[PDB]
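Given as structure tokens, the chain that follows is alone and in the form deposited in one PDB entry.
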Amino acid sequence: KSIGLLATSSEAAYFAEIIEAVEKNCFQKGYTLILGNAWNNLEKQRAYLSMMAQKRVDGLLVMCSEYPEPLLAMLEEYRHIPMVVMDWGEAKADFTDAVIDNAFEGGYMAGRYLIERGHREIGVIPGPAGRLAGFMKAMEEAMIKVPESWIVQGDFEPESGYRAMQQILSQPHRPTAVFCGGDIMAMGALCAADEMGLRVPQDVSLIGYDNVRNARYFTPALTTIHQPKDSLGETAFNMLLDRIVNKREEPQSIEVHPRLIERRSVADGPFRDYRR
């Protein structure tokens, strides 16, 4: 009773929560976990692949940022060992299980809550895209220009959000609201504002994305887009099961929908002049 788990990075703030879910379920079902953590290397990922085969694991489970031809090749050579390939976005007619998170709808929702709160001068601390694409469509649809000097890439880690917010806030003209593409990154943004002497949400409104466990325990309690992370691994982990037992060779798609969690990091903006 063991299961392989070939990841792209346990420590990749994005994925991470998913793993914990795959994990806690295994222990919960007293299985053994055989953790492989690649990082995009045909051989390393290969290595990890054969080893789980030799340790005769009762199920596989892949989580990959990409799925290039080579990887895809290997993956087939090991079809005898039952699995679940979590493939985000691009539903390519292969044999991978499609994960549809509705990030595009996620970012949409965020950018829209801000327009509705009356903000028109907006900042964005983008991660390393669908979300973002979502946010620009509402900005576009509302005719809000976004100065390029108010768009600063983060990396999912607090120091990046800390450096990003300070860059944005530290300009003659600044926005009244900032869209943060990651709750963790948003924790580093709340800090910088505070250290600069800015009252959040009073001087700057902030909305993040994820709804990480601690997000409600931020100061202030963080308004964000709840992205079901630890629902995905439990499902993926169940698709693995049925697959090994019931012999479910026919694939499945895991799709979720985003939801806005209203809390306390967002205030009314100056454009409450237009409507009530």
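Numbering follows the first chain given and starts at 1. So that the term is clear: the rigid core is the largest set of C-alpha atoms that superpose within 1.5 Å between two forms. Compared with the form deposited in another entry:
- With the core held fixed between the two forms, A221 has its Cα displaced by under 2 Å.
- After superposition on the rigid core, the Cα of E11 moves by 2 Å or more between the two forms.
- Two rigid parts move between the two forms, and the turn of the smaller against the larger, rounded to whole degrees, is 17°.
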Given for the second form:
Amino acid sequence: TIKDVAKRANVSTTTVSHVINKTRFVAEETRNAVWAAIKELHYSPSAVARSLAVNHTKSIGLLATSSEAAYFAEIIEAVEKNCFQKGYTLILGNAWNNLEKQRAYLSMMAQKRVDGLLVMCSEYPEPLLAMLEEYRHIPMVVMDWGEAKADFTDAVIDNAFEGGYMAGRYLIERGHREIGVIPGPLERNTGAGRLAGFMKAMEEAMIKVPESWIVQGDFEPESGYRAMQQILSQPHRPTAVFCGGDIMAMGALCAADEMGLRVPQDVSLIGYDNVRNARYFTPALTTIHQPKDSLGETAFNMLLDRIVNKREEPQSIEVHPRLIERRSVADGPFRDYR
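With the form deposited in one PDB entry in hand, show me what the form deposited in another entry looks like.
A lone chain is what you will see next.
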């Protein structure tokens, strides 16, 4: 079809080409002619042809996990802005933590020859680490590890451990000593590491968490529901709960309310994520803020670099969590004695 433009304008296609991409000087007339032709013909230059020729698709892949989740959703939306802004195209792919699905999306991706690859898999068993190596050739950044688990990718690191510690401290310093925790999947950073951060804070305080006070969640409101229930559903119960993520949190609020418990009056709750509508939780959720966007943009950026400046060496940038005081926490019995 570029032939078709060239001839309407009676110029070579080389010409048409150049004008379209201001790639060498063209006579005004000539230029106009082409534009006109382009217009009447209603010409959409083909990207695929172009890709075939220039060797890059100007599009990037996001091998995700799930996208509905607030947390995720929020990240992703960020990414897209960045893509758009630098003219990249976004291929969103959710593997649902499934190998097959993941091998599958991964192949489609290489085949479609994505310029780079954003990876948010949540859990990385060897089998998955393996597959990923098989594609080291295609540039990529993992956005969800706590530390660099490979030398063949960039990594943006969140400091989940230090956010967890921040969480516990706060409780401690607000008068708390009988706390419980609903962590996310241990096979994840946002799971394991947050918990650990939290645990250290406790040990330093000589606080011991009774196993009946620790209930695993899967980041879903239902899981928060069950844990909260199980925790309060017992003889002796904590006076404060540390909840792995804001959504499960939201789930935990629900159940407390259902047992007619008062937050923060009967139980204090501290979350983790600072999702877009945590403030609109009831009560307004006090939580730990994860810098989602910076998380997004920052990843994009490494990729671009690697992509453009043809970097070869793995890199890793850390980002920082921070406490957001809302209204789900109250003073504990030990506050005055400090």
